[PDB]
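In the block that follows, a single chain appears as structure tokens, in the form deposited without the ligand.
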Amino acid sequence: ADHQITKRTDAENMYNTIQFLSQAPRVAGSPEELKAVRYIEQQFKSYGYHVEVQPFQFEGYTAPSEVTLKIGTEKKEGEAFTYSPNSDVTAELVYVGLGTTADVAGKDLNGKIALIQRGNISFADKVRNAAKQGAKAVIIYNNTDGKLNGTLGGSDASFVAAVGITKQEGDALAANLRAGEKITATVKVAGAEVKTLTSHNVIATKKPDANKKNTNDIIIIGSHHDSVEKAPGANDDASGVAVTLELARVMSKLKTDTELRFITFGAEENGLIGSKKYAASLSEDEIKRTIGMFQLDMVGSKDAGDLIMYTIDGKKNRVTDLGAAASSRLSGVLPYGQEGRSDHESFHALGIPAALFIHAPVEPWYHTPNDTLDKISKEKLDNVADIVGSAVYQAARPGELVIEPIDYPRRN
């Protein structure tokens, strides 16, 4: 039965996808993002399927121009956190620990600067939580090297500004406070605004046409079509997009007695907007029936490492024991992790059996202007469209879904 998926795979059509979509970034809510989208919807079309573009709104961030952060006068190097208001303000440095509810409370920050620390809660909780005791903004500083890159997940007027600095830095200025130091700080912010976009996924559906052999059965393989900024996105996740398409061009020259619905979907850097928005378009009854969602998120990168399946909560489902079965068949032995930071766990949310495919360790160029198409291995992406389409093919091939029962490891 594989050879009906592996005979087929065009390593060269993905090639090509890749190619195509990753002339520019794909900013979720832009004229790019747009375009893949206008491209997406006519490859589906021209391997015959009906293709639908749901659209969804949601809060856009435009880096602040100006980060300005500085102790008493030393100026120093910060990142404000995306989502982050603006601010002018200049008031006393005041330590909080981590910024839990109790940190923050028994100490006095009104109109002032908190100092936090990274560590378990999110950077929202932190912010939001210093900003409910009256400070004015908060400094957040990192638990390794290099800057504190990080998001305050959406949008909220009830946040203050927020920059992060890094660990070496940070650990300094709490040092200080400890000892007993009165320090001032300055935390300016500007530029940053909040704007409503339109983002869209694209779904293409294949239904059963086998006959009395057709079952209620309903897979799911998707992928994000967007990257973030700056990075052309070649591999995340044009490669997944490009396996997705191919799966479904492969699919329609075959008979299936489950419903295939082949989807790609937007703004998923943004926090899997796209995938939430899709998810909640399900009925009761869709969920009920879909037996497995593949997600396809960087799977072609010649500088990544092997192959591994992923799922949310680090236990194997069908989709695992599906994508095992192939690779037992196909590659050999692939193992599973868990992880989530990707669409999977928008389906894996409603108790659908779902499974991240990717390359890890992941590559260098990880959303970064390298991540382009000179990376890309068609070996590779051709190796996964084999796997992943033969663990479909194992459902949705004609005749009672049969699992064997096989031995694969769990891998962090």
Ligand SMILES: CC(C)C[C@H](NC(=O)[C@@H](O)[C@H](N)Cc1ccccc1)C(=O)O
The other form holds:
2 protein chains.
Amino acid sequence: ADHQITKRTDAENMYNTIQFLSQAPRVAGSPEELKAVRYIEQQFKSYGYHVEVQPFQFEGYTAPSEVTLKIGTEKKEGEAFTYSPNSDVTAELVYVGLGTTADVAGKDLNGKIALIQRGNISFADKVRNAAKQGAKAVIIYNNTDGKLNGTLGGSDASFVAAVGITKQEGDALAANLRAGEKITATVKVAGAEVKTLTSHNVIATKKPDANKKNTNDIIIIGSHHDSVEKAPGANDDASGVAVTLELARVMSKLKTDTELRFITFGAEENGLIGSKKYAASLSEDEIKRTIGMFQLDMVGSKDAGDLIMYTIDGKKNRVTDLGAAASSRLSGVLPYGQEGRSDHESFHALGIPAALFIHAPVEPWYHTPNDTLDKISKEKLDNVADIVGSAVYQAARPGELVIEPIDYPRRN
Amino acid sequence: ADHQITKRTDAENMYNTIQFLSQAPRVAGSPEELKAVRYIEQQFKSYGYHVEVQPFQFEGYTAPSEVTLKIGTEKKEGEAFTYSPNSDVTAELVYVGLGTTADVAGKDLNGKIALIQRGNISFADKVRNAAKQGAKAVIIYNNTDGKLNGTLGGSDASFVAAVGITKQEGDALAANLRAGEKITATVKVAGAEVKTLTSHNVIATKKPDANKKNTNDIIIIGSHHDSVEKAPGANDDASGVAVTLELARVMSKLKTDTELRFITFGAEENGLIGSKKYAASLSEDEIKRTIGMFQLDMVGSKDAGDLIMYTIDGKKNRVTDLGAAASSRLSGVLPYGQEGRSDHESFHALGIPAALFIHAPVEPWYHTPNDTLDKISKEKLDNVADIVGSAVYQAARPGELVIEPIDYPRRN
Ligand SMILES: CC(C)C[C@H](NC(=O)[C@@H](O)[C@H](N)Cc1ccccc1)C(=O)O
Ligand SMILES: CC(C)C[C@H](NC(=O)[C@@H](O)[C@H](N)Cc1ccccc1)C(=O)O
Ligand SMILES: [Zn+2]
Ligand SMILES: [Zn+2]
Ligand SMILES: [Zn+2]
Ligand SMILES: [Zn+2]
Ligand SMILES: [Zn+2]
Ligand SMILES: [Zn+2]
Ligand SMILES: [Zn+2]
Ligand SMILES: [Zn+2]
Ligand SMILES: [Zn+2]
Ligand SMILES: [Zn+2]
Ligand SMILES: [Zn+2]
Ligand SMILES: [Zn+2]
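In place of the form deposited without the ligand, output the structure of the form solved in complex with the ligand.
Everything in the complex follows now, all chains and molecules, and the chain you saw is the first one.
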């Protein structure tokens, strides 16, 4: 049965899809994401699918044109968090630890700027905890090497301006504050705006066509079609879109007893928005009948590592059983592990068995301008398509699903 | 053609549905709403429909067990706004007008309680505007006669405790503050909680069955199946559920060229939550093909007035044209007007022509324990079902839709 998939997975199709998509970054809600949506829809229609396009609005952020941070009179290197409010505040700097509700209750922040150490709780909550105490701005300092870029997750008027700074620069400020120094800081953020944008999911469904053998089961194969600002997104996640399209073309050649939904999600990089909107469209019957959701994200880089399957809870489920079974016949041992950070989290949240397929450890080009077509491996793309497609077809081929026992290891 | 609908609308069916549903209030997310969902689903299945149940979560509120308001030492009559945070604050009372961002920028609120006059902006925004300035609680006073009950709309940690008081009691406090008095108040709200609840929409679809005459058009007929706390909800909105079910039974007897979706929405009284969740499930193709959405809310009270159609923008649209055309053949002149406040607002927001059918002015029993079966008129229910069903069938019967010109008046 695996031969029905492996003789048909065309790695030139997949590379051509990445080449098309990665001519420019596809930031969610932008004209280039809309172009991708149209392209994706056309490809599915070309394989014979009826396609639906689900729109959704979300709050986008335009990054501030000025980010001025000063300690006294010395200017410092500052990165505005995404969704940071504007500010122009000069005031006393107060160290409040990790910024928990505990950490901030005891201190006087009204009118002041909070210095807060990265860790434990969300950037969002650190900002809100300080702002609830009257902080006019928040400086968050790193837990680890290099710059602190990040996000408050979404628009929120409980926030006050929030800027991230190096562990080196913050550790030193925190030391001086602990030592009894009174420090004054300036936090000026200007030109940031929140604006409503519209993104989309592209959904192509193959109804079962096996007559008396047809089951009520559904399998979702997903990827996301947006990329981060300035990243061409060839691997993150044109690769997964390309495997999603290619497997829909392959399955169009075959009888199936299981409904397959091939989906590309919008606004993944914004916090899984499009898969949360698609999961919220499902009825209770659809949720109970969905036997697995396969998420393909970063599945073509020559510079990443071996394939792994990640689940939200680090437990095995039907999708990791099918991925391990297909790999054992095609490639070898396929490990699993625990990780979120992609659209499988939206389906796990409904109780649906779900896993992310990704090459790990990831390449250095992730979320950079160097995430480009010249890092793509056709052989990797083909191997992921053979494994994921054979895992899906193990259930979707006509006849009762059987999974034979197979050990496979958890890897961290 | 109208005779295919008017000979079949069974007012005993509709009254029996209200009698079943209104044995107790159906608060969204509660066991009684779940019972209604099951009942509704069963009835549609009994007419031959395939039914889907769309779940959705939302944040529910448990009302505080203590609401203590004092001006100095005198205790006052206070109503917590829905979604009010808890508090226990004794502090200076400061009049801040209507509570706009203007009204509050100039004053010193930090640690204090804001007195704010109802009007112009949402209760929610008045609370957030004051809280952004450091207010520890907000007292909002009425614009008009009687008690001030209301809602901050949804859960929100930007809020601080908010309680509503009479125009009489507030006008007097505002007068004294304007006159230079320094006033101290206490606002104590205790035992309020926000908890995640799950509600549902029930969706029954009749696919077109007219062969070569089939169109691509869709019509939605909606109502909501929840009611407010302590109200049995016979008219608000078991009445509309009963017309929705009855028209689905009627249309099951007839050939149609237009897809009909009969929907009962959950969590309407919480801010249209279920229809917003259902509208968000539609694809762009479904939205473009939906030629009208008919919302039935409060359509059976002996103690309300004549039928009217309300649109969000107070403009005529295809649904008010079809309602006016059917009425002109069945009953007489059917006026339209401008009003929101029901699930048609969720479809208008997508560009879909939508109108609410309701008897106006509404009865005195609205949102009370007296919204009960003994106020229901079978004749009214039958007339709404004849008019709405004939309006829908004017498009859904086989053959090209034709609407003949008809004047009908705007009424305020
Ligand atoms: C919640 C998401 C928006 C989180 C965001 N996700 C992404 O960037 C996804 O495109 C990444 N493909 C997720 C990822 C990266 C590296 C290893 C495993 C998983 C991330 O920061 O990783
Ligand atoms: C946004 C909604 C939750 C608003 C809420 N809506 C409701 O109570 C609906 O059940 C009412 N049926 C709406 C209504 C009442 C009177 C006249 C016209 C329309 C309301 O307060 O009217
Ligand atoms: Zn291969
Ligand atoms: Zn191949
Ligand atoms: Zn669009
Ligand atoms: Zn990705
Ligand atoms: Zn990414
Ligand atoms: Zn090789
Ligand atoms: Zn009649
Ligand atoms: Zn009748
Ligand atoms: Zn449920
Ligand atoms: Zn209602
Ligand atoms: Zn109501
Ligand atoms: Zn009569």
